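A.B. asks: The hints should help you fit chain A with the ligands onto chain B, whose structure is shown.
Protein chains: 2
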Amino acid sequence: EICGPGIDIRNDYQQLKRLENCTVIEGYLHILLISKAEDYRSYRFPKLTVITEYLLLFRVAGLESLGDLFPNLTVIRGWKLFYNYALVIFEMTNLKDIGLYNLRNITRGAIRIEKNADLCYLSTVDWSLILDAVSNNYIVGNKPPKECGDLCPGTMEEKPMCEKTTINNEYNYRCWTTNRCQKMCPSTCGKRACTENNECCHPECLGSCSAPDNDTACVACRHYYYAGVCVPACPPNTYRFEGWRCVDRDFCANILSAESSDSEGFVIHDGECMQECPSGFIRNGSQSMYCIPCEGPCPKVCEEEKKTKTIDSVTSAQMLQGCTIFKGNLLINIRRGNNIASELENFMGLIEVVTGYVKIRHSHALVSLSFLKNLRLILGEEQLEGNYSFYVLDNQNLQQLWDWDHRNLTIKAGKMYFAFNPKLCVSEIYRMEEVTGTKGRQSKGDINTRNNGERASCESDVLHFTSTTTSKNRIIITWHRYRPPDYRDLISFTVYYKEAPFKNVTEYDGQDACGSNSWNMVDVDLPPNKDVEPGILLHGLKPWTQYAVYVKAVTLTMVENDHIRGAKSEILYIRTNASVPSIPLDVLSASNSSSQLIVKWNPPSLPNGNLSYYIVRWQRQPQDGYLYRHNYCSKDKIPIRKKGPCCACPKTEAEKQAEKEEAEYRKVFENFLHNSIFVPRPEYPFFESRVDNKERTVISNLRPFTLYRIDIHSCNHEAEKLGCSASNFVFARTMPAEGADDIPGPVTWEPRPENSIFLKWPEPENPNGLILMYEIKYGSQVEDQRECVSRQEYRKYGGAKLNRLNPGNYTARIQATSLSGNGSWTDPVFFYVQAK
Amino acid sequence: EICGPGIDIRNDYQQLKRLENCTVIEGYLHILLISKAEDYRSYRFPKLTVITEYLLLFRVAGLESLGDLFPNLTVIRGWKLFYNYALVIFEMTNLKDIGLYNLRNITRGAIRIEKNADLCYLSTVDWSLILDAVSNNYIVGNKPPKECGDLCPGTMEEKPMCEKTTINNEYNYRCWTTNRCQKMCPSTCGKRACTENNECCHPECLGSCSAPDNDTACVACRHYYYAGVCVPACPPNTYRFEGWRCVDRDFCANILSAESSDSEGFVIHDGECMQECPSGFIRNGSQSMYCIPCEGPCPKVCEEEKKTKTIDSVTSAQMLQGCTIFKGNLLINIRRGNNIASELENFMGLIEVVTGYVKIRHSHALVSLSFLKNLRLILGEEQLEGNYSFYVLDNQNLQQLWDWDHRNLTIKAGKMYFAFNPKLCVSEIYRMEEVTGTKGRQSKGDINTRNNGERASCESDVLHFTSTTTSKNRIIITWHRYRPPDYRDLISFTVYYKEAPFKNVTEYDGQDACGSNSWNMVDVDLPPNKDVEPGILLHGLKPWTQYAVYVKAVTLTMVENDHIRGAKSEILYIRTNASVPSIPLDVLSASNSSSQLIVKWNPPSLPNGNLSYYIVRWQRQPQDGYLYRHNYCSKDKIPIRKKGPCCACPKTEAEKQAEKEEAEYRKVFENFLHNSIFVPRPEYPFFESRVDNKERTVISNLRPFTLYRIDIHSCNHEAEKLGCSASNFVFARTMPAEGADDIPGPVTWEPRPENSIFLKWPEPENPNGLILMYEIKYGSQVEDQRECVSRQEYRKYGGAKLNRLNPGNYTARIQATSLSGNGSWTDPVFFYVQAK
Ligand SMILES: *[C@@H]1O[C@H](CO)[C@@H](O)[C@H](O)[C@H]1NC(C)=O
Ligand SMILES: *[C@@H]1O[C@H](CO)[C@@H](O)[C@H](O)[C@H]1NC(C)=O
Ligand SMILES: *[C@@H]1O[C@H](CO)[C@@H](O)[C@H](O)[C@H]1NC(C)=O
Ligand SMILES: *[C@@H]1O[C@H](CO)[C@@H](O)[C@H](O)[C@H]1NC(C)=O
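If you read the protein sequences in the order shown, they are chains B and A. Heads up: the first sequence runs through residues 1 to 642, 666 to 705, 744 to 897, numbered per the authors' numbering. Heads up: the second sequence runs through residues 1 to 642, 666 to 705, 744 to 897, numbered per the authors' numbering.
Some hints here could point you the wrong way.
If several chains are the same, the list does not tell them apart, and a pair holds so long as it fits within one copy or across any two.
Pairs of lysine to any residue, SDA-like flavour, derived with a Cα cap of 25 Å [claimed, not checked]:
| no. | residue 1 | residue 2 |
| --- | --- | --- |
| 1 | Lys-439 | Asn-883 |
| 2 | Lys-412 | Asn-197 |
| 3 | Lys-300 | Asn-374 |
| 4 | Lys-36 | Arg-770 |
| 5 | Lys-159 | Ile-638 |
For the record, the hints were derived by calculation from the structure and aren't laboratory data.
Here chain B stands alone, though its shape is the one from the complex:
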């Protein structure tokens, strides 16, 4: 009664007759696309009890309650899911109740029951009892809930004996259809199943059983079904068949291609009767039991149903991702594409062995077959007419095959053809004949000497750099006077150039399959005089970066073809530096402590050389005489006037252009600025301390409260010859001498006529910045009166005067205003004024 594999039924009812003998469908089931709606409940399948894989119903016109069709379906194992679901009820025409009243558990996956016009009864199905991970149920698109009309026993429906369960605060009835309920085993069983009338089943059991605690009575087992018994594990000498049972070796190996393409054999590995042996293992020949570990080719086979898997785009190779051996032949016709190689090395650079030929055709977008790295041997079993097993035709742009210094290859059962590839010279294939054991397979016509590699120089010479010279933004370079076999041949020179901090760079990469793409181009012609060797003036170059350069003599390949040698000097690299750095960046600092200033900045933007060191000058700056001449005791001044949470909150992109224009205009101001800021350049002393390597430093031994102007010059290695960079500067203050703002000596009080008192006192020894004013607080009972004394006032009188005071005793105090802030109040000053 074990129907397998999964069953498919569409377009009509009568195919249902194939399910008469099926009890546990070993696979999935499709009952779909039945538009006729011809028949009704004349097909019934009580035997069907469990589906191993998912279920899918769709457009089964004329179906109203699945419980009519499939009763007894206790559990769905759902080992293979639809997408992540084990039951798909998509847009059902006329289904009214889901039925499935005998359905008890869904081991795997979720369900999707949407778009059903008139379907209902989904709500009262507490899938928590039946299904874990219930949150993934997708039942949105069906009938609106108000028109659902969900009624069923217990909740005021006939045969009311439904039970009440709770899911998220809803302790109420559960059910399946109008007639019948949704019952669940009591907690007495725990995880164990049960039967009708609450008789608890066997532990190794699930869904239901015929008698309490009987191995053979179980309608469905819990984990594995074998020998008509539910077992917790596969018995010895038996191997787990997929899903829910064990089988003998002989059964595991006898099964062959039936219905779907089973194919010969069915492996056994790790104690399980699997289909094909897992990674890191290989089945012992055709002996259908065993495995042994392997690597590389063994882990994966790259065969294709097509004998010729041709590739015309990166996506065309997707199926070949992570594969090694193709049991067939290859064919490439990739005409256009950029970045394609970087993805060909990934999709199908793992290819190792090939059972046939390989062919390359009209591959204008490719320049080097090096992207085929893993290939080691070619069989040639499948070979082209003329016995050609490696065909390369009409490739205008191909340069050179696999790197032939360390990489080996072999073509076993055929020859190769080459033609119509003017950038691939014979030197790249003549060596291959040595390396793939194929020197004598073919004549020289199969690799024609006329149209192959015609354009390719093969080989270019190397020019000599007669002189070089750097600047701060410019480099002047020259080369030997190249003299071809016929001088009229050469017509010009090109002087490539680009920033290349790292020597790991070569122009033969082909840039954009040749030139362009970040090798900035410039040209210059040979000067008319034959006595002056070529030179140019590259300029505007970014300071502080190593610059690779090479020279190519563009020539005219005609008449004699390869005899036109071509010319290309070595890839020299030159520093920018006859140069003067472009000042620091992001200069900042603070005063962690008095006499201490921590200074930290960021590297200069265009510093004209390479990492050598920095230089910092700092000068004590004057306390402006301005503030001295001011009586702050009377000055008061007056102020004058006239995605982000901001939501959309845009700003004119033309306003960003305006800001760009303003910044650019400022920078051009700076450019015209620093021309005569430093003409041609081939009250305190300045203190200097050259930083070594890093963008940080600290200066000590500074006055507690003196402001410092900090010039910060970036100086390069060539700074000795051509001076140092211009100056970015910043001013900063030290942390005030703490407690230096308190009074150093006592106060003195003297009587004066008209009930007056003169107060005198000493002055701070080392005031922090400056003493702006003195705040005398005094009074008879409470020191309410507060008066101000300017520094000049104190200087003139050594203090101040208070006039017209009332009779009585008095206490007073004084505080100073340091440029750092308030000073400490004076100690109490006791005095008295007599009425007469």
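C.D. replies: Showing chain A with the ligands alone in chain B's frame:
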């Protein structure tokens, strides 16, 4: 004393000695880059009173108050601004007060006084009095306001002498420096200026005057200064010189040049002596009295200081934007670039005439010179060695020059040279020897039949389409069995194809880079049997396009070169029913009125046709017998449970990929769905009304409250042969018959034992949807009691019963529950029950 042009001073003080005689600097002034700080207030220039243009001070070390150096600077005209400013004080080293105490008004532009370390006194300058559009003033970066120290006469100690003005709620003093204030003319003058001690000046006046209301006494005029008098307009026979005066024509022409100057001689136009005459007009020789309109685009010279303005990039041509005639020669070396042409037609497609030669070299990124449209004649005054005035060298990809069906050209004073252009066929240049009057000017060597157009592509024939078989997503196309001069030549056939709804299409639209990227390539080989003419099966074509096609016979050009004839069929434009048609989309509708329903949808996605028509089938759908058998008087049901928008951003759904897989799985379901939803297809009746051309329609004559199922078919031009397309559908309800829910007949009451009352009544004639229940409201004094009667209850009894009522009289009412909603209440029903 009129110093001109603008004055420039840098790097030292002694250059200030060029300002003794300068009263009104006719131009701008730069006093910048003075780092020496050598001298102090020994240079004084009381004469300087006004600057016509902006002023720029920067890096003037040793300067502390500008007012000392330049007193009496009454007004700045600022006709030409720095950026949009007439005064720039950027990083003023040591300036303390801006001075400018005698500065009163700024005519044009704003000021930028920023990032000065110690500058102050900006606040007390009410720029509203001096400056309009004052908002653009930008003074952010200078000394912090707290350390500014902004004080001046009056506001400090001494009796006030500055006047009080108000800007944005601050009515207080205004001033310039510590020694002097910022005085302004009283409102008595209105817009008129004034003198000291408040004597009002002349109307035609500004800044200041020496006596009240005197033309000759004005320190500065208001609009124009001429003949030692301020005037509101230029006097007749005199012509406005730039800015602030008039001049005689003799002077206008005698101003030849000085350092930075052009004309030599200024022209009088529109009543003003300008440098050059404006657009649409031409100077007639050396004439300077007047300027006459020219006519068309003559008025734009495109000369360059360089005799050879070479272009290597689009930006390299920027300066030539909007220009017509180049007084020199052209040189192009644009090797790489895409979209470049579309911008060359803009930057330099306006070029009309050229005074010399033109040269093209190494232009691999260009294929057609049509982008130079406006050129009509070439002079050749500047000519190359060998008298070559038009040179085209080393251009691999050039195909064809300007369009020669209608566009003319002439080269006057030289010949032309070509070479190394294999894709430019000689036909494009042989015609030129006719069109530019140069047929015999040069030998054929300069136009050698060799390397010139060497490769190109011969001359294409046209293939013939033997048959064009079709499908609903697939085309099968063929062509005559092409027979080259030598059969081994041809090696394959490529079949270009793309979607091209519009006839405006040609070969080079989207092929590759130079051909652009829109033509989806494919290749196919001739079948082995010579008796079967070539054919291909194109497939998977997106519906709704006139699917363009063409054929090119790829060959092996060699040995005989041009004799290799090549080929290309016509650009046929096969369309749908080659892609035979399909289904609808996007269905929506509503019911504005009873028996009326508006239907509107959108154009379909995949119908494989063209606008032909739509079809809509609507079927009355059943009022489910389900709801009939349900007593809703007692049914209650039970629910179950368990910088942009990120100002309120909920989340970022980076799972867009996961939605991608789910949606794509949905479409794969749909594809395997409609594969066999409709097998091979080469209680109410359905009603039909084919729509004509649009995506809208309406249905009438429908039951007031019946639900309708609407199938929609994208029936089309060829729906007759291969059937109509799949049916998207939707259900919708009509608007209920309003007022049909009220009772049609009276109620009747009867006595019954046990103090009971039986109520009977008629039933609605045409209920909307269905009558679910009846709400009887009744009571003795107030109809408090409300009871429910099901439709089946009424059917069985024609009404209902009330039992065990108290003695007394009673009034009652009844309301019906239509599927559309509540019905109208019954008229009052009067009855009574007696205790016995
Ligand atoms: C079911 O089994 C019976 C008995 O072997 C057989 O006659 C019948 O054809 C089978 N039908 C199906 C659908 O398996
Ligand atoms: C379904 O059965 C398995 C194994 O017996 C059990 O672990 C799972 O809990 C059951 N379903 C639910 C929803 O618990
Ligand atoms: C100013 O004018 C006087 C008198 O003509 C002349 O001697 C002197 O050189 C002039 N200086 C300048 C800077 O124009
Ligand atoms: C400057 O003078 C012009 C013309 O006399 C006048 O229109 C303008 O208002 C003056 N400046 C201000 C700020 O008003």
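A.B. asks: All hints are to be evaluated individually against the structure, with a verdict given for each.
C.D. replies: Results of checking the hints against the structure:
| no. | hint | result |
| --- | --- | --- |
| 1 | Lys-439 - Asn-883 | neither (97 Å within a copy, 97 Å between copies) |
| 2 | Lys-412 - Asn-197 | neither (74 Å within a copy, 112 Å between copies) |
| 3 | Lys-300 - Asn-374 | within (13 Å within a copy, 64 Å between copies) |
| 4 | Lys-36 - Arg-770 | between (94 Å within a copy, 18 Å between copies) |
| 5 | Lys-159 - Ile-638 | between (90 Å within a copy, 17 Å between copies) |
In the structure shown, a violation is registered for the earlier hints numbered 1 and 2, in ascending order.
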